[PDB]
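Trainee: Each chain, written out:
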Amino acid sequence: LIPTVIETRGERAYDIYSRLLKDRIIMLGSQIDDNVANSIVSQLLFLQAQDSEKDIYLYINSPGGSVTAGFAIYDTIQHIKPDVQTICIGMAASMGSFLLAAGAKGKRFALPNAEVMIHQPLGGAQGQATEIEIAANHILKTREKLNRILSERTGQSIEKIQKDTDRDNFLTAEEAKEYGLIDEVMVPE
Amino acid sequence: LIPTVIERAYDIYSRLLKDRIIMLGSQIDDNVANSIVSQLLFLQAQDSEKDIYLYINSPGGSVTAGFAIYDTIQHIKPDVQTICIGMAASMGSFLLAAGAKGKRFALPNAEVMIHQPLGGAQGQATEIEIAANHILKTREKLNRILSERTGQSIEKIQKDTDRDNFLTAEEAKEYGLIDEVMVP
Amino acid sequence: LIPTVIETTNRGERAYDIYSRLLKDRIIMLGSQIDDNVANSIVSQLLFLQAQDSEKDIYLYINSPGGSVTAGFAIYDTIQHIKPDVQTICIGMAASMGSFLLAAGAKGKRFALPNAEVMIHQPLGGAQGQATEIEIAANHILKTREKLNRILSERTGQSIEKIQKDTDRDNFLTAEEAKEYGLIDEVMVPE
Amino acid sequence: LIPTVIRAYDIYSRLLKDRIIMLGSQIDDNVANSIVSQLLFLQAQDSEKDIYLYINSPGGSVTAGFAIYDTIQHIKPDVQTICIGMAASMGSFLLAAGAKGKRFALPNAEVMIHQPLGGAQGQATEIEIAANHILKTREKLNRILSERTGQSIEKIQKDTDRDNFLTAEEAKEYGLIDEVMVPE
Amino acid sequence: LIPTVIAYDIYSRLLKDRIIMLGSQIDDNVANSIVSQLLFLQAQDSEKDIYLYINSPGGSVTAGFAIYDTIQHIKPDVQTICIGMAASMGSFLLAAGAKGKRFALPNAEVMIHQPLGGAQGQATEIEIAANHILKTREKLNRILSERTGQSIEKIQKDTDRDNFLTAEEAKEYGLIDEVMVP
Amino acid sequence: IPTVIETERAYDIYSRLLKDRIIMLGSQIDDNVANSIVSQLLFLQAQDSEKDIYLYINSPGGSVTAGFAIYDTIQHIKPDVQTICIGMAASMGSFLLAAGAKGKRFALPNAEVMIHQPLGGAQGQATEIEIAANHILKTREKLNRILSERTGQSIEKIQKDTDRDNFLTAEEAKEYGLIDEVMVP
Amino acid sequence: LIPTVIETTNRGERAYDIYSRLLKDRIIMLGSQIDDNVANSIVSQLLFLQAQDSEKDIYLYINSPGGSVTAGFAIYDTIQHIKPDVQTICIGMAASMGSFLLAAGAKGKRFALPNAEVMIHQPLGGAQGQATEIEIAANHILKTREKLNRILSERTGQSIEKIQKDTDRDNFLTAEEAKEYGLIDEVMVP
Amino acid sequence: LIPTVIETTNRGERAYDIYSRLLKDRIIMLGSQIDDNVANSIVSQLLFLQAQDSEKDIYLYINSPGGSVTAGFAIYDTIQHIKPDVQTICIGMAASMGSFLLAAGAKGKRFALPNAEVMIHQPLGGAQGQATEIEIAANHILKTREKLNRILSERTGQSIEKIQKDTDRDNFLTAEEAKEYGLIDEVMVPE
Amino acid sequence: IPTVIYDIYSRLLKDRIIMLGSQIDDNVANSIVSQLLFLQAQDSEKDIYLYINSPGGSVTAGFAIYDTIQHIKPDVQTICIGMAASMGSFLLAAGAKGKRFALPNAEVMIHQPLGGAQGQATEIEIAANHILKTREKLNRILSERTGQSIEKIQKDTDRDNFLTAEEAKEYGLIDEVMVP
Ligand SMILES: CC[C@H](C)CNC(=O)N1CCC(=O)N2[C@@H]([C@@H](C)CC)C(=O)N(Cc3cccc4ccccc34)C[C@H]12
Ligand SMILES: CC[C@H](C)CNC(=O)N1CCC(=O)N2[C@@H]([C@@H](C)CC)C(=O)N(Cc3cccc4ccccc34)C[C@H]12
Ligand SMILES: CC[C@H](C)CNC(=O)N1CCC(=O)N2[C@@H]([C@@H](C)CC)C(=O)N(Cc3cccc4ccccc34)C[C@H]12
Ligand SMILES: CC[C@H](C)CNC(=O)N1CCC(=O)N2[C@@H]([C@@H](C)CC)C(=O)N(Cc3cccc4ccccc34)C[C@H]12
Ligand SMILES: CC[C@H](C)CNC(=O)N1CCC(=O)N2[C@@H]([C@@H](C)CC)C(=O)N(Cc3cccc4ccccc34)C[C@H]12
Ligand SMILES: CC[C@H](C)CNC(=O)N1CCC(=O)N2[C@@H]([C@@H](C)CC)C(=O)N(Cc3cccc4ccccc34)C[C@H]12
Ligand SMILES: CC[C@H](C)CNC(=O)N1CCC(=O)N2[C@@H]([C@@H](C)CC)C(=O)N(Cc3cccc4ccccc34)C[C@H]12
Ligand SMILES: CC[C@H](C)CNC(=O)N1CCC(=O)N2[C@@H]([C@@H](C)CC)C(=O)N(Cc3cccc4ccccc34)C[C@H]12
Ligand SMILES: CC[C@H](C)CNC(=O)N1CCC(=O)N2[C@@H]([C@@H](C)CC)C(=O)N(Cc3cccc4ccccc34)C[C@H]12
Ligand SMILES: [Mg+2]
Ligand SMILES: [Mg+2]
Ligand SMILES: [Mg+2]
Ligand SMILES: [Mg+2]
Ligand SMILES: [Mg+2]
Ligand SMILES: [Mg+2]
Ligand SMILES: [Mg+2]
Ligand SMILES: [Mg+2]
Ligand SMILES: [Mg+2]
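Residue numbers (PDB author numbering), protein chains in the order written: chain B, 3 to 10, 13 to 193; chain C, 3 to 9, 16 to 192; chain A, 3 to 193; chain G, 3 to 8, 16 to 193; chain F, 3 to 8, 17 to 192; chain J, 4 to 10, 15 to 192; chain I, 3 to 192; chain H, 3 to 193; chain N, 4 to 8, 18 to 192.
It cannot be assumed that every hint is accurate.
[As the list claims (entries may be wrong)] Short, incomplete list of chain C residues facing chain B, as computed with Cβ under 8 angstroms:
1) 3
2) 20
3) 24
4) 25
5) 34
6) 95
7) 192
[To be verified] Calculated pairs, EDC-like style, for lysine to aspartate or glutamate (alpha carbon to alpha carbon, straight line, at most 20 angstroms):
8) N:111 / N:187
9) J:26 / I:55
10) H:145 / H:170
11) I:26 / J:15
12) N:145 / H:182
Simulated from the structure, these hints should not be mistaken for lab results. From the three backbone atoms N, C-alpha and C, an ideal C-beta is built for every residue, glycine too.
This is chain B alone, in the form it adopts within the complex:
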């Protein structure tokens, strides 16, 4: 079940996630596919139309998923006028950590015991040599694209990103900070 919350100009009933969206909080708390991406793009656009000045809060607890779906979110984040803060809670892996890195400069956060993981894109291809070749070049170009943006966003060289993403690379919040994937570890109120 998703719990319901009720506020008391009338009495309005909200599912907990909708209630958070009313305070400009978007939950990316699952594997990233086209459906999750559509929902989050819609939310971003709606929040912008309501107010193009106020910050947005993107909660990321996600193992990642589709690169293109992740980029649908990424590009929408960069297009809209409001700063989109990113907050890692639990883990951010794959495009999950890419999106965390994509938050507004100075406003990328993770809570202390959150886990950040970076690695190289995964894919698959079968058929003729020529089809294998196309699929190879495609995922290689996609990786260059990902790594270039990470370099811009973290301050690390493409050479270093390439090394450090060659195999699964698990980072503490703190380590994610010094790497430049986030700006700040959120310390207890």
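Given chain B, work out where chains C, A, G, F, J, I, H and N with the ligands should sit, using these hints.
Mentor: Structure of chains C, A, G, F, J, I, H and N with the ligands alone, referenced to chain B:
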């Protein structure tokens, strides 16, 4: 869960629809086509002058379902803008190029893919032949419209669609599949 | 079918699902395996209750065999972050990250009912592929265990050495044993 | 379909309004959490008035059962227990857990007591740990059944070694219930 | 699936007029629902008759007994009307209706037979299960006897194997009082 | 299955052991295994009705009736049939171990012997459950009686001791009466 | 396909599958998981070889992940019972009952080749059903473990206390390490 | 169907399956995945051939994608143990322990035909369960790799540093490349 | 498989005829390599006949056969009956020069190597480079064997390409169509 938004209480997609935004965010099958057709028809009825926005994040799908949307786009009075976000492949990229002239867009990192139609046939040689001609005709039809819509020659479309062909947003622009890359 | 509860408001009759009714009184139910979905729900509930009232206590009921470590830490960090004290009440059982969260309640406000069961053990996982890949997975789950153990030490007052011996294999505790161990503060006795 | 009654209530919610709780399935963590919540709510509404727990259950998880058990014993209100159809496993344990003098079964209700079930695979050391666990669990169950029924731990142990089917009248004689509810 | 009538679902609408529908296999869910319905109607009015529709192949013996005992316990007469079929615990409950108020419609089918079960494991466990089902059968057979007027000996002969009855046959047997006529 | 050559007739290892009056019961006991062993016994008798036969037993048991096929044949033939438990003998496995010729029933030191009650199943009508229950109960009395006769233990004790799985060392099996002797190096 | 091998005897030609050929020279191949079938075959082979010649050594090759404990003891007991010395030679790996049988070879005639892998751990098993049945199974596998550990103590010279610590979890040993442990006497060199 | 071959001897006609016919001339075929059965078969052949003739060379044809490391080492250790030189000849491919065994042939007598393919990579494995179990599995496969790499170093003349870099991911070599790597001594050129 | 007073395939093998009449896997390669080596030892002068009715299969398996054909002294004639596809038609082309044949209605098919790769980008890359190198290798040899250019082979094998026996002759895959 699809979030709710209270202004009247709307699911987020229906709230976008009230502002003439249609989301093509899935595989194109008959159901998606009937939904999108129904939304286009409805928005025209509400206002035949104002632009409509068709978001495209789709790996494509059924060609006939794609043409259901294409024909409905072209038939109605309003300009239907097309915005590629994430990717448009197969009939997805077809519908992207079918947007109103000067109002086809993609955000910078969106991916566009063009390739030939896919199908299958089993049974007697005569049935194979019928299915072969059918999908060969369908390709000519698709290529002909892409030619008209992109400004490229049928000759060039045939070569470039022979195998999977992945394009960047900027590349889709110089190809003629979109008009403009939407910048921040 | 989750039962419905209806109250009489002056602006009509408001109807709640039973869990939602409890959440109005600042009670959160962790009554399932901990996966990312359950974590997102509980994080959301915690953040909402803080917005409603930054000073009143929150009650987290725990009947959970545990689950994802990271999902658990989502909840853990949210608990530690917010202003309100979060009480923890173990009812039924609390194993794996369940017993971790139980121990993570506000100091002095971690409870178990007399017949509730607490279990502590080491984290479980897997790895396949090249030796280098196995090595990365091994280091990962070993670090995760160090992390868990270091916090349990701070939370229970037991040494890290002792936590590691005692979690090496499945370790079932009674409520009263959970108390002397330092995982909870008090065994709630009947009213 | 669960029927509705007209404040429009599903039947079980309607019964809940009169402090009646239905345990009418296998006991798992979900069923436990639902019943715990109902108990906590009814107490909040009125800490003085009796609650009625209807039991038609083959039983299930022991820990889940003890979630319910501890909650019944913690709250101020007397929880009556009423076995209708059957109580087995933790089902009949909870039947015995009702308020003294307010444990009932209808004339043809069946009550079954037996030892806990479980499993264990792996190293000998792990089997050992699992075996000590289910044995301690059994000790715990039998000690509380002894407190509740007036029978000895020794007798519970022997009488639960294998499946033990009881009539309502036998269950009364055993101390599992206080009374057989005769017709009005 | 379920039509609406004005608002009520069709089954809820019938429930307002003290009609309960047993139209499925009898399991613990169906029994809880029916028991809840019976309890609720009683509270609303302890005097007025209740109508229990039966179109069921039967199912769990214990679940059936949950319904049966609830029927006998409440103040109101519970009428039973067999429509379509009543088998196993289905036909048992038909017979458990208020005396003089047990009905079937002319083409309704009633079937009686001995309870079904299973057992595997040690000989000792097969023995426990066998004694359990045999005792369950005597219980049912004893109650059918009381309800029909037939001797326990005859109930046991007639239930030894599947025994299908017409509504008119069900009447002379004692399972119902009356065939409802147009 | 290895082959051995004697000086030149070539045997599979098991057929060579059968030439020397050794029968191998080294699997679950089903009708096939019973018929094979019945046939090996009947033949070895015909060859020489005086000489001992050796029945190796490493078996978890299996079908009761199949087990009795072997038992009744062992008892029927003139020769003494020694039994040797190697590894384990459970269910009808240990029943056949006990059924060897008196004084000639053995287990090696680390062999394991398990006794327990028969297993079965029944579904359908009450009356059919009843028939299946009586059937397995009788089968158990019959087994127990014969164990009593062979072990020297009472039927009462056999029934208590077989009520659940009961694992015995070779030495325990000797003092139970299931075997006469533990074979030593 | 198992290769065939043909020799010229005095009394004609004799054709053997390779494993049967090796058996003629008193070599037994334990090269698989240990179940009842494998146990019955090896026991039969041991019995036959002793009947052929009670004095001459037998060679047991061990490349096995182990398997059934009882099937293992079938082999073990047969080895100890027959007059001839059974040499044990670990090639590839010996784990679980495999390494138990390796240690069970004739004293001073337990070998491994240099890159062979030996692994010792505790027995594995399973039980479901009533508390009472879980108890029985538990006792059964704990007794089995004592049994195995006691014999390993005798065979290696290590204390029972040490055997139990060192078998608590999977414990991989090099051939050289198996020698210092006392599971083998010698590492066979080229 | 494996074909049969029949020769004329002085004790009548002897009939061989083709593989057995090759074994008579001291040719062993490793032409499948390496599992325990294959290793036992090949070990037995090696031992048999040594007994027949402790002096004459043996020929080990290798067309194998590899397989079990321990199975591979059974063969490897048997090769080094017996008196006779074992020549290795790669035909088709050698990958994994297949290429390890290729390298393991007698010095100066390791060969591949011109279009044969040699692949080297790191060992593959799996682990599940408690952190402590994963760690044991990790150390095991890491040690296994060190063992493989150290022997390859001896056998090829390359350093351990290089063997590790070059085996990090799948590394396909031509016959000629295999020769300059030191995995083989010679490419067999047509007669 | 019928017997002859030898099984039929073994009977043919006595007369130096090898049958490649199935998919090519490592087993089939090992068998055919063994038969070739045997036949050479019996007589290093006399021709061998390789019957090909195969849809092909593993490339490395096929190269096992290919290399063994080229290594031994005897001319290996190739005779395509039924069909030859993938490495089937590669081996047909690998026969001794002047002694590669097909019966009139036999079918010959040439196409590019098939394969697969999943995992990290870097792994897809290695697999891609591998199958691409493998295709370069096949094409270079086909070129040497047919007289056709590498560039022509490349385009001609881009998709499935069916040839008649006659077309296979003028392509250079065989030397002659065997007539009644
Ligand atoms: C709840 C009210 C509603 C969201 C406000 N309306 C609105 O945002 N609109 C309509 C009017 C309009 O001119 N625009 C424009 C711009 C104002 C977008 C900021 C537009 O291009 N789109 C296309 C579009 C479509 C879909 C996704 C998208 C993502 C990212 C860039 C565009 C996208 C929709 C946009
Ligand atoms: C919410 C109000 C409503 C949408 C306004 N009504 C309307 O647009 N109508 C009814 C009256 C009418 O005359 N027409 C006509 C035209 C006005 C179409 C714009 C019509 O052909 N159709 C058929 C139709 C059917 C289905 C899909 C379609 C797609 C594309 C062309 C037609 C299509 C429906 C159309
Ligand atoms: C019912 C209304 C609403 C819940 C009150 N508003 C609110 O809690 N907000 C918005 C305004 C705001 O400034 N913040 C801030 C702080 C006030 C967090 C307490 C913020 O960082 N987040 C990010 C976030 C996002 C998601 C989960 C989270 C968990 C734990 C720390 C943060 C988290 C959201 C936070
Ligand atoms: C419909 C209104 C609402 C239910 C009344 N409020 C209430 O019951 N509350 C909040 C305020 C409060 O002080 N308490 C306290 C006590 C009053 C519990 C009766 C509390 O410990 N809990 C924790 C809890 C949590 C979960 C399960 C439970 C089971 C059994 C003992 C406790 C449990 C929640 C409790
Ligand atoms: C819609 C209002 C509500 C139904 C009226 N209240 C009511 O029936 N109640 C509460 C108060 C009360 O004293 N009783 C009593 C009696 C009045 C039962 C008629 C009671 O025993 N139960 C237990 C019960 C519990 C569950 C199933 C049941 C079956 C069959 C006999 C009992 C059963 C519940 C009963
Ligand atoms: C190697 C030669 C051959 C086995 C010797 N012949 C022989 O034993 N025969 C035939 C002639 C004969 O008179 N008999 C007789 C008796 C001599 C049995 C000892 C016989 O009853 N049977 C039936 C039989 C049939 C099957 C199984 C059996 C088990 C156990 C008792 C009998 C059984 C077969 C028996
Ligand atoms: C190739 C011919 C043949 C093997 C030589 N004969 C022979 O070994 N025999 C028969 C005669 C005999 O007196 N014995 C005796 C002893 C000589 C056993 C060494 C015996 O007890 N058995 C039983 C037996 C049965 C099965 C397995 C066994 C394992 C281990 C101890 C015994 C075992 C068989 C033994
Ligand atoms: C066809 C005739 C027959 C093969 C010649 N006999 C023979 O090779 N024998 C027996 C006599 C003997 O003393 N030895 C010795 C040596 C002569 C081994 C070369 C021995 O240790 N083994 C053990 C063994 C067992 C299994 C595999 C093996 C691998 C590799 C090293 C040993 C191995 C067997 C060896
Ligand atoms: C039944 C009679 C037997 C076939 C004649 N003996 C023979 O051909 N031998 C042994 C003696 C010998 O010097 N050689 C040599 C050459 C004579 C191979 C022609 C050799 O390299 N091999 C390795 C080998 C192994 C496997 C496949 C192969 C393919 C193709 C090149 C080699 C290959 C085996 C070869
Ligand atoms: Mg922005
Ligand atoms: Mg238009
Ligand atoms: Mg706090
Ligand atoms: Mg109470
Ligand atoms: Mg009544
Ligand atoms: Mg006899
Ligand atoms: Mg000995
Ligand atoms: Mg050597
Ligand atoms: Mg040649």
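Trainee: Indicate, hint by hint, whether the structure satisfies it.
Mentor: Do the hints match the structure? See the list:
1. 3: holds (6 angstroms)
2. 20: Hint holds; residue 20 of chain C Cβ to chain B Cβ min 5 angstroms, cut 8 angstroms.
3. 24: holds (6 angstroms)
4. 25: violated (11 angstroms)
5. 34: Check passed: Cβ of residue 34 of chain C comes within 6 angstroms of chain B, closer than 8 angstroms.
6. 95: holds (4 angstroms)
7. 192: holds (5 angstroms)
8. N:111 / N:187: Cα-Cα ~7 angstroms, so holds.
9. J:26 / I:55: Roughly 18 angstroms separates the two Cα atoms, so the pair holds.
10. H:145 / H:170: holds (15 angstroms)
11. I:26 / J:15: Holds, at about 14 angstroms.
12. N:145 / H:182: Holds. Residue 145 of chain N to residue 182 of chain H sits at ~19 angstroms (cutoff 20 angstroms).
The structure shown violates just one earlier hint, number 4.
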